[PDB]
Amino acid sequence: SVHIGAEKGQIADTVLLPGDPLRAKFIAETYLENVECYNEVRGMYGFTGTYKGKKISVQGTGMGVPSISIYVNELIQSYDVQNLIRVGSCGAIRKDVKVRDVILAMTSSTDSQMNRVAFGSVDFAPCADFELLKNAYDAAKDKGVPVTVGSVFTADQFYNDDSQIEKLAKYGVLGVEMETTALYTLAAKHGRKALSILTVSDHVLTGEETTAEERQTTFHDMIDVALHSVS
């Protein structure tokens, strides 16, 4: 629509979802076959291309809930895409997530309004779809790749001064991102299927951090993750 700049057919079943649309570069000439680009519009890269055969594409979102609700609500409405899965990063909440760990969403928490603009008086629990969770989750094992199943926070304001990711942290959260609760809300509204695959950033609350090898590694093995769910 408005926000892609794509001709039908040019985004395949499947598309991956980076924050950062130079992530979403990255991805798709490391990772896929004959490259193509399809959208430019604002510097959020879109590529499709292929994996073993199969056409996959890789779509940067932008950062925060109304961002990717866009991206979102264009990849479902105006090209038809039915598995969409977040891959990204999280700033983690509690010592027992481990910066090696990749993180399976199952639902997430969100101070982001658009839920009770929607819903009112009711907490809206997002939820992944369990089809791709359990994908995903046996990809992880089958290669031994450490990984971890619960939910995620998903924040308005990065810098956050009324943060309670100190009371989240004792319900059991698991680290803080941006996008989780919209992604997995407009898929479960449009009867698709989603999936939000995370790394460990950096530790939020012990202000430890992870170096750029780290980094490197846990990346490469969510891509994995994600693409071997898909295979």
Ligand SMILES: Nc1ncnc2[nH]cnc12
The other form holds:
6 protein chains.
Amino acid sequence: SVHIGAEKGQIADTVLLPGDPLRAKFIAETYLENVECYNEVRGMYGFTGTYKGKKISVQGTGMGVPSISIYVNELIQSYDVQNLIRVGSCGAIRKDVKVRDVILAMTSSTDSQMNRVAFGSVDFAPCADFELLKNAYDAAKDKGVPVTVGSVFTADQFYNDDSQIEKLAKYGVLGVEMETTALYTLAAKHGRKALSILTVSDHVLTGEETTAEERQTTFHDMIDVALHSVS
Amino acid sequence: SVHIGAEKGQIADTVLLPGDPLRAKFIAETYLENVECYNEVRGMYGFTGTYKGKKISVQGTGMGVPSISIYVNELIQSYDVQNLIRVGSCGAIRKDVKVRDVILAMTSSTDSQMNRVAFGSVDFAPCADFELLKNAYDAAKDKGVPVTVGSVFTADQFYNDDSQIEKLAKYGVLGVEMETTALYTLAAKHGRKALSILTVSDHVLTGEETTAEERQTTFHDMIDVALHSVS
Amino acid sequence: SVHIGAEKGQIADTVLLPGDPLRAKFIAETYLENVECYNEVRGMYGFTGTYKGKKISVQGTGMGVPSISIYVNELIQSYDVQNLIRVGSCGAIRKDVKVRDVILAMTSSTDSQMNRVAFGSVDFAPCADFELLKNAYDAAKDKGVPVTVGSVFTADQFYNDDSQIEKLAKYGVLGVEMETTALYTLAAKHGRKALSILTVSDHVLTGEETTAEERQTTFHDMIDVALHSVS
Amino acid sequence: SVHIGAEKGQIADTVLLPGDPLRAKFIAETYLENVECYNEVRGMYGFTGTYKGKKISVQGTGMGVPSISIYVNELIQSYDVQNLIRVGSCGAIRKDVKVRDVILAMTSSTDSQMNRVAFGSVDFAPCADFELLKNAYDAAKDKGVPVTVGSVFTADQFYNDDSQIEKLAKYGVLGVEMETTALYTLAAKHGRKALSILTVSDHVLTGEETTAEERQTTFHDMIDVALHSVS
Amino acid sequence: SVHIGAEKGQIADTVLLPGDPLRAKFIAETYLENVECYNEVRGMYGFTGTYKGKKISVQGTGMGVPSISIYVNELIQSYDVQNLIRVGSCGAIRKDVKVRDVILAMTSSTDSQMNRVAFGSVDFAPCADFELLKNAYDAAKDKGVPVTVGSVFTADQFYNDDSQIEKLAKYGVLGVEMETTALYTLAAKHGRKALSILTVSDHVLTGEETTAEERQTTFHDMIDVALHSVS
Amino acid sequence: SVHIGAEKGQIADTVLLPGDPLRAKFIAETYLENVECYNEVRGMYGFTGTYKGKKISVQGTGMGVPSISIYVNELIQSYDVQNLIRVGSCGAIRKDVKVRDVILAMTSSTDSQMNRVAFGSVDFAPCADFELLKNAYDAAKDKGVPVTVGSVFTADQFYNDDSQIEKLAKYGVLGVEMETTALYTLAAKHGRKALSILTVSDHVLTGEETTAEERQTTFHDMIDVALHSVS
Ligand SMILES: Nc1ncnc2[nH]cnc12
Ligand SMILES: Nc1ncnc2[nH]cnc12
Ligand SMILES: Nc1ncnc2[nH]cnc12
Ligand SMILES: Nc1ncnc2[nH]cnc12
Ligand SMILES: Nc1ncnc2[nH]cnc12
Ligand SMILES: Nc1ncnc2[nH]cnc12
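Having looked at the form solved without adenine, could you now put up the form solved in complex with adenine?
In what comes next, the whole complex appears, and the chain from above leads the way.
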């Protein structure tokens, strides 16, 4: 693997995928034990540790379909990763997505061309692994963590003069981020299991920025849900 | 409503949507009491009855995005229908998909241009109402009905020399049908709840067909699950 | 054939194709003799009878490219049908299309993706069989039935928020319907002969709905023209 | 008119449109009396004369959609030309298309993006003026000139490694040329009457070429038919 | 070669490509010696002569991607031409392109479908031969001829209701013409060397037409630069 | 600037843009004096120092169009950066491309949809600032550093089953990377100067890899050339 400098067995079967390598660090150091950093290439830190005994990895993906695709492919093809769970944030684009909501994406729209490259005239609809999603949902409900299940939009252009998010909101899409289409497509293509869990970093359409206290409570809830999404 | 010859009231808040108006007839007569036909326009029959103190309607949609779009639109816009649940068949495209599996579609791919017409360069991924999906799942588990949750492909062309079934199957898609993309897109667009439940009518790739005994059994399973999808 | 429950030789070489299976019934019972219903699958009635001795069939197609494609393919591949003539209605989109005009389509624009699925970057222009069209034209002129020859638009979305009919009208397109692209494409692909004859059910752009007396006179004229379109 | 150096009046209401300005010269000198050259801009010659008390013009168009679009636009917009009739050659792509057949194009497919640029997700099918087509047909029958009526393909690329000639031929398309789509689109757009009449210059697939004797004969046939297309 | 009536060795290794065959004449007669016309087909004159001893050809291309593609392909495939240099004009679309500027195109945007025909979802960016461009630049600078190096837009529709030139200007595109994409694509595809040199015939966006004195001085400068662009 | 944690002033007018923030670190520490880190957000390090009385900055971009677009946008919009110069690696796709060649990109192709999203039916060709390209060329020649000038391909997918590398190579494209299209598009759009300088990290087709010795040598060459691109 060209972008991960790790050996056999150093990466667990289950990998959390924050976008930010500094969040991978924070997650590993805060939630796991027996932490080893297995990757330093390009500063895209990957870590491996244990949670209640179980080997878990946490790997930064960087931003956008192309960056996450690199890491997901190597993780899957060279380290045989079976469960891939994005933990990151999105801009909410609907009023009924609350700042405290943990979002589970069932599927993801995109303006990436990756699927049209593969399918031409077909619209490929990526799809979360249902078992992972059902576990994550039940984990939230059992504790009373508020959870919303729906779809997201995977954007190529964080800054997009030709954005269609008002239309997307109207069709029921919950928020915008920059990875999920890739995660879900590449995972299912190789018989692996994918899910994205998201918290709300802002409300793109109305203006309202969240507060530090909100984001950090929900981030905690997200990770806790994640740590229970594999049975 | 150009294609439904019914007056408001006559159609329930929850509508089952088989492709075949003769299946709509079957479902109503077999599962409901106090059954009335509210539509004969174009032979596309619809019926209303009760199932245990709940008014339910059953409406033939015809085959294909354009045909289902017509009925769904008019049900939504003219009759204020809130829950819309496709009950139909698909051609299975994966071996791991069994002839007894009731399929619950989370999303669907398509070669229909309906969404590119609306979104251009965006791949829009339609999305089941999770609430309906989860109830249908829990109902199937309660009875021990086997169930598979994943994605389907909505085809414009039952006979397609340029089909990409093999690529879709390699990407995890469970089966082929002709309605789901439109159902989920139109329902979400108007804040309504949609779910597709499908039985296996054949295995597309292996050619292997499914007996009558298996079909009727799974059909029964699908309807009974469907009648349990609204909370 | 999965959607037509008929045996060998039960379907004639020449088939009329109304969209509405109840119009197939009306046509068969009103214009033909020795009528047998050969199909009841999905309520999509097909009939076979004689007109001045000659075996003629009439088969409902349902609405939209996908539905008609199913029936045209089975009719052609399993029953060896040689002449396929759509008889239905359209919404007129030009002022000079009069309520009494029988429209013969030379070709058809579309927002269906079926041809882009097959041809990619090519715009496939479907084309009527000229011999059938010339016969239908001469039949109308010999009696003095008013006839207009031009093109139509084959729409996927009867309800389309992104319709381009004002632009299409300007380019000379006569009306909107939901079948012709399919009929013409599939027919010529298999060396068979296709034509669509259309009457005006309304004027989409200006508002004016026709009258029952108009539609029924012109419908009669359409069928009469059809019954003379095969030499 | 940037590319036609003529003053209003000088160009007839009916214009023949060969690709080759030297053919335009030939046609004028051979078939018309009182012949004047009205344009030398860019060597793209045009001529006006009379044929039996009717003023007719003959204008070279050059090769390809962009070139013909230039001349057609300026003829329509600057000189109020009402009838525009391409007389040219095509590469035959079906065996059933004979070296002696005069081809009358009802419509044309294309890999030109000219219509997608205007219509996006709509496949626009251009359409001959039926009145002209029918007169040309009746004129050919009167003389016993063999004639084929159907569709052609308008190519941007005479030499195309990515050609789809075989698929087009299987779909009934008669031959390849480089003008028709633009002629018919632009003429219909401005309420003008267009027709393309084509001779066979070669058989594209079988490689088999057409003698001079056959070419000149069919050419004669095409011009004589053309001079009979306006009522 | 179907469109060039020339024998072996009659065409030089270096060919200038004006759009206008009458400019090919003017160029050959004005700048070269020992001039022979090798082509008269379709009036698209090609000439061959000497400049300070060196064999140079000048060949009219006609207008648009399809026309120039024909000539470039034949020149390359049948006459083994190695250096192809377009000399023509463009409409300037940016204020800082002055009437006296000789434009050298590094690359070219287009609304032609030729590259999408070949590459589908890929945007192919055509590219000038750097050696030819560097020579042409140095030739201009050594004499003090003002030169601007950037990109152009290769248009299919000289008359385009759907033009995007305001957007293109904003992205830095210098001017509009109708050939360069073709020249550059076809050349590099066959390992040959391409460049387009352009003068400003007008300012498309602001209105200002140049003067005859301007155009003719700059045209001279263009040809002089061209005659030094091959080492 | 959501992703750069710097205050105005801190970032130079000229910025080098490696993909790897650890390369950004290397470049700064090795080539500049008085080095300060101005950004640690997301581990995407940036640095400013001086090289011979000139303030220069070095900013990691991450991998892929979406990631570089983020940093480039914020550098342009929030820090008024005028010169932006990618220094990175590519997979060579032509044998004539040597392991020692420093590549200067004139333009780039892409399978990113970023430009179709903005332009629809137009293929937008991005363009290096010639002034920067020419200085980089002249600097390389001065030292005798081998250099190749041509086009690259910007890929969304490092691992792409549907790659068209062979076709691109046949069309003259020099190598594959993941940034250039966005750099050149965004820089030109805001009147800024962009150039990409690339070293060969591998030969994509022949599989043949490049030693450390060769890599470090060419890397040195690239940086030294880069530091000479602003006049
Ligand atoms: N525009 C945007 N795109 C992607 N992720 C985001 N998070 C917040 N705003 C975003
Ligand atoms: N094999 C098949 N192909 C397409 N649509 C279908 N619906 C059911 N079976 C199908
Ligand atoms: N919008 C429409 N689409 C198709 N057929 C029609 N007939 C009348 N209106 C129509
Ligand atoms: N073979 C051919 N290919 C493309 N255009 C043509 N025009 C005439 N013959 C042709
Ligand atoms: N619109 C245009 N297209 C191409 N070349 C041109 N030269 C001047 N105006 C032009
Ligand atoms: N082989 C390759 N494919 C894609 N992007 C690359 N960047 C560097 N090498 C590459």
